[PDB]
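Visitor: Listed below are the residues making up each chain.
2 protein chains.
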Amino acid sequence: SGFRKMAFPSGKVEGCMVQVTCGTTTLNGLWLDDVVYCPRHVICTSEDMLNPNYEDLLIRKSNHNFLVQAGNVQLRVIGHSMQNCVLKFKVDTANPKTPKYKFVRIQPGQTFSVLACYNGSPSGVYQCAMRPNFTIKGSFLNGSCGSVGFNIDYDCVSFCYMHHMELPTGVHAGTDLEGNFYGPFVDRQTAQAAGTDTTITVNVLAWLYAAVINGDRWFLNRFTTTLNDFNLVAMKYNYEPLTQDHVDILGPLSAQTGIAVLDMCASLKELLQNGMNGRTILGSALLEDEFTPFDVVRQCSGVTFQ
Amino acid sequence: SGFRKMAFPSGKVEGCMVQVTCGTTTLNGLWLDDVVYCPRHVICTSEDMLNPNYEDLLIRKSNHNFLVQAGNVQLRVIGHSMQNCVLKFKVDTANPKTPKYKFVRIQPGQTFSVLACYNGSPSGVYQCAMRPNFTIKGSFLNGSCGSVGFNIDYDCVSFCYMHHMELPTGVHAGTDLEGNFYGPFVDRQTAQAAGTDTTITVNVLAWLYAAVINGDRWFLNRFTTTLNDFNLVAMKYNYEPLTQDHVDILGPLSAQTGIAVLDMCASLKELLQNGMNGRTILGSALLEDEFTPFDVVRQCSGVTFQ
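Chains as they are written, first to last, in the authors' numbering: chain A, 1 to 306; chain B, 1 to 306.
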């Protein structure tokens, strides 16, 4: 038993991290088959990022201006192209560590693991969520750009995130592996508005179910509610609205615990209106929204990968 | 910027996890050079666990009574031996994936990454602390035994923990890689008492320094205290005593932030008696004690490994 914020094992991703250098700028790239992917602002100086013309900056660059290093190995660059906000390098050698992989654009509220990297070398792994306003609250210092987020299904790595930007507010923004930003952000050093950040309601409910499975039950109440009644409360507390698709996803947890989804919504409603009275749930004094219903099921059945 | 509970990259350890079966009981083992390590209770049935005589139970067994699977390949056991509470299996093949490694017995309050495993396959990775009462609060379902905890220093994996036991209270207990239990626990399915758990004070202070570095400063004040009066308040709230060794450890964080250790303790003293109201620190409503001072420095300067 017990419940932890768990990341996927990162071995398959470590073998794809490389260092990309262009002039004075070095950041992380992703080496799969014979292509290397990296944020396009590798071609920028600090002064360029205030207002970069990426097409005009890239035209000054040839294949040999890009230094791609995998461990101690130099890769030979034999072609380059810009796809949205990522650069793709055709190299001499296919990565022999290439796992089975897919590229995926995830939805707000989904979770993924982040392998934070500096100079092509892994530093740490953690789990996090795509917020409803398409930012993530990560841990990224200077040089972490090009670090990637992923999920794993058995033997297949689903890449869903490449880090590009810290916003002046301190939250983080990036792209999918086709180089399209999540959200309205651009790769430019300017003030950029993220939306109001709301709480991922279906995830909070999944974690309440996890709590009941682990013996933590003080918040279960004598009330029920309706979807429309709950959503009126949800809107007041900046919770995302709950839909029947969400109720359906929670089905298996409902069946295991014997607690109907609308009954657990009434417990959540009462927690939103009355607070937690200084009490804790699964060791947390706040309502946690970084576990998907799938995350909760995985942890409570012990699903592996290798 | 940003601050997260990061685990070490787990690739070096994933390549050492095997599956060990003995009759009806399967758990995880660690394959280093030509040896597989695993908990000795793999030779127990559920009934045996109530009162095992391990020497007698092991004598009933021979080198071929053991069943070691690595991925799909079967390993050939040519020998076995019992070192304290671990079994040492001599196999035919040295693990070609053996990393540079060390066995280490850690101290209470130190932290490590756990690779949670089932049937020899990694499921997830998370960071945790050895509590002052020598338990850990992990996420361990049936079959996770033999999962290991580790740290990484550049290129050398320091193995410090192997999971053995879930206590009746739902916390976890295990050994070092020589098979000596942390704490007063034994590999027998009985009621077992763990000490009163205290909060790791030096870690809470480290995390407050992390919060300042990251722009969260509201809890600061121009009060003070000496070491001796802080400790009067410290327990009274079940906090571990602070020693000069601890003040010395926090020196570099003190120098980076311009906040004297004793002044940070005076901020903690104030926090313990009035709470945090509805206010948070680094997104948390409680005081966090699973970051060591070394953890904070690692994350804030971006130390890599590869």
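Mixed in with the good hints, there may be bad ones.
You can't tell identical chains apart in this list, so a pair holds if it fits in one copy or across any two.
What the hints assert, rightly or not - Using 30 Å as the maximum straight-line C-alpha spacing, the simulated DSS-like pairs for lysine-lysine come out as follows:
no., residue 1, residue 2
1, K100, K269
2, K100, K5
3, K269, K236
4, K97, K5
5, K5, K137
6, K90, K269
7, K5, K102
8, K236, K61
9, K137, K100
10, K269, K61
11, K88, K100
12, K61, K97
13, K236, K88
14, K100, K90
15, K88, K102
16, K90, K102
If you're looking for bench data, these hints aren't it; they were derived computationally from the structure.
Visitor: Now look at each hint and say whether the structure bears it out.
Guide: Here's how the hints hold up against the structure:
1. Within a single copy, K100 and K269 get their C-alpha atoms no closer than 43 Å, and across copies no closer than 52 Å, so neither meets the 30 Å cut-off.
2. In this assembly of identical chains, the alpha carbons of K100 and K5 lie at most 30 Å apart whether taken from the same copy (25 Å) or from different copies (28 Å).
3. In the homo-oligomer, the alpha carbons of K269 and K236 lie at most 30 Å apart inside one protomer (11 Å), although the nearest pairing across protomers, at 35 Å, exceeds that limit.
4. In the homo-oligomer, the alpha carbons of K97 and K5 lie at most 30 Å apart both inside one protomer (27 Å) and across protomers (28 Å), since each shortest distance falls under that limit.
5. Taking the closest pair of Cα atoms, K5 and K137 come within 30 Å of each other both inside a single copy (15 Å) and across two copies (12 Å).
6. In this assembly of identical chains, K90 and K269 lie within 30 Å of each other by CA distance neither inside one copy nor across copies; the values are 53 Å within and 58 Å between.
7. In this assembly of identical chains, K5 and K102 lie within 30 Å of each other by CA distance both inside one copy and across copies; the values are 24 Å within and 27 Å between.
8. In the homo-oligomer, the alpha carbons of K236 and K61 never lie at most 30 Å apart, since the shortest distance is 52 Å inside one protomer and 65 Å across protomers.
9. Taking identical chains as interchangeable, the C-alpha atoms of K137 and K100 lie at most 30 Å apart only when both belong to the same chain, with a minimum of 28 Å there against 34 Å between chains.
10. Taking the closest pair of Cα atoms, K269 and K61 never come within 30 Å of each other, the shortest separation being 57 Å inside a single copy and 58 Å across copies.
11. Taking the shortest alpha-carbon separations for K88 and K100, only the intra-copy value of 19 Å comes in at or below 30 Å, while the best inter-copy value is 34 Å.
12. When the C-alpha separation of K61 and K97 is checked against a cutoff of 30 Å, the pair qualifies only within one copy, where the shortest distance is 29 Å, while the shortest distance between copies is 40 Å.
13. Taking the closest pair of Cα atoms, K236 and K88 never come within 30 Å of each other, the shortest separation being 45 Å inside a single copy and 59 Å across copies.
14. When the C-alpha separation of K100 and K90 is checked against a cutoff of 30 Å, the pair qualifies only within one copy, where the shortest distance is 19 Å, while the shortest distance between copies is 33 Å.
15. In this homomeric assembly, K88 and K102 come within 30 Å of each other (Cα to Cα) only inside a single copy, at 16 Å, whereas the closest approach across copies is 40 Å.
16. For the homomeric pair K90 and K102, the shortest alpha-carbon distance inside one copy (18 Å) is at most 30 Å, but the shortest distance between copies (39 Å) is not.
The structure is inconsistent with the numbered hints 1, 6, 8, 10 and 13, although it conforms to all the rest.
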